[PDB]
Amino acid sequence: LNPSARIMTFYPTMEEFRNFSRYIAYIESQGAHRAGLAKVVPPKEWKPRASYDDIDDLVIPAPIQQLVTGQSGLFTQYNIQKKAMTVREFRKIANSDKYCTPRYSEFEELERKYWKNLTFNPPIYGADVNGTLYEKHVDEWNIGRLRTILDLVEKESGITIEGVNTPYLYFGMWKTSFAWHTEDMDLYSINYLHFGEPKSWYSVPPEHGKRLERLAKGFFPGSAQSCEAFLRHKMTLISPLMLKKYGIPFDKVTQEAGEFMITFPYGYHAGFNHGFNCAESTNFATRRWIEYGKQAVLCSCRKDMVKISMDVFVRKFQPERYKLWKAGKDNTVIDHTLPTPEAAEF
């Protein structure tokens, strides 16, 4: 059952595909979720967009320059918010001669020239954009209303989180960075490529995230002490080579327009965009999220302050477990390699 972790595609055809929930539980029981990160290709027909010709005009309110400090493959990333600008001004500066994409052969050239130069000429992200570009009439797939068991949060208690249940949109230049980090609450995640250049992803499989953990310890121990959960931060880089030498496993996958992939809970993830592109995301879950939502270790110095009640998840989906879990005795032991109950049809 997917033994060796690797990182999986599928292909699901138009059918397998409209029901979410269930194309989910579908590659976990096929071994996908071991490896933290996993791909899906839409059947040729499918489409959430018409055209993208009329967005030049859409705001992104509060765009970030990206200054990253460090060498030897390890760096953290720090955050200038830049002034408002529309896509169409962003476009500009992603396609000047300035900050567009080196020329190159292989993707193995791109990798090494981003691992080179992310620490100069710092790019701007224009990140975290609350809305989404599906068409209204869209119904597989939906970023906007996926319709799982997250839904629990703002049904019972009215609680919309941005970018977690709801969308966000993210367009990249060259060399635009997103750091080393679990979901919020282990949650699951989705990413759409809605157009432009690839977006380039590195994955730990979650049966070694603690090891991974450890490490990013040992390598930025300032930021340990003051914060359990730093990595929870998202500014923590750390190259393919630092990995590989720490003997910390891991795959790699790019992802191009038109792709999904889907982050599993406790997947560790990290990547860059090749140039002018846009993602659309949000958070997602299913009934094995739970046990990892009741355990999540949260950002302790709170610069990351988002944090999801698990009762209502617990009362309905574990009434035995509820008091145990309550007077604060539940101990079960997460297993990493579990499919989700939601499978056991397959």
Contents of the next structure:
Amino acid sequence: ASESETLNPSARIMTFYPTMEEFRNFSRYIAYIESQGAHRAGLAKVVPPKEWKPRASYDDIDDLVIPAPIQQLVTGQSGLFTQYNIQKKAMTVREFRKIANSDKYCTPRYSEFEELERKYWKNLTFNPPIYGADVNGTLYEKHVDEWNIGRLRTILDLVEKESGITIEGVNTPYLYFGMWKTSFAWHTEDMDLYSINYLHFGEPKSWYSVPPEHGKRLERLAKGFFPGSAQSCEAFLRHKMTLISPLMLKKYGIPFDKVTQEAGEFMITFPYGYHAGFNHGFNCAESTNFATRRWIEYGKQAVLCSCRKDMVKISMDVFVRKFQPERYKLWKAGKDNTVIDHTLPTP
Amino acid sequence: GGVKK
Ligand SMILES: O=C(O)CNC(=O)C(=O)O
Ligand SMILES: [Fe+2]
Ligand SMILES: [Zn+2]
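Now that the form solved without its partner chain has been shown, please provide the structure of the form solved in complex with its partner chain.
Below is the whole assembly, all chains and molecules, this chain first.
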């Protein structure tokens, strides 16, 4: 407890309301929320100054093409499930919005979130919804320079700068069109990077998050529930097919917090922060990964999936060399035994 | 290298 641990001790999901002045410098504001211990929860919400907008209106996107929509079939019981993504032929936002609003895939009625949440976990294996996910592109207007997911200017840019390598969705923007019951399984970002998520419009998106500080406990639980998957790939959670309900988490003592993201709101996940969730109804979100100096250690130690050969792999070399010159030689000879303090901020 | 999706 050296002042680092005395900040956000409960490691709960914090919400920030930055002035246009603070909102202007992305990397600075991130370092700030971390100074407030936001990273402990693994997830943070950031409501942008009310007069800020990245687009005039979205009446034009009804034409946009979702080249690879996916149908989410879920199999499981008792709070433990495996999600299988079936790919469907391309479609336009209108065709998607049509099915999303249809009485068949429409959001059910309810009073309090607590009830909408109970219905999610009761019916996620029924009526396989369609998710227009991982669509390359952005909805930000070319002139927006504040928190533009298309050009955040973090050190993650070094990947491209140094090698020309493009990793769709990681160092490029991704759009997600969801409907009721579409969901994202438990996972940390590729290479355990940070992620930014802006909900452009539509119904809310709810999130579940486990503090990085307890990430390994979630992995051990997951391994035990799916021993078959764990042995064919240690990092099987990166397959993004595992769903675990909050009740199961509660039952096994795994700390977590929940939050619901509204339209016009930003969500930030931190290195090694496990998260999962679902969409309330029709909506549109844009996202990408980013990095900070603090990420470097996480990147060096990220446990990657090796069973699939198309998984995101980033050479850490350029980062250690440039930001950890004193350790480059040691790390290269695999003798860098740096232990990571999840509560610590980049001092 | 790699890709999301
Ligand atoms: O949109 C989704 O289903 C999931 N989005 C994320 O996990 C993210 O932006 O970090
Ligand atoms: Fe994520
Ligand atoms: Zn794997």
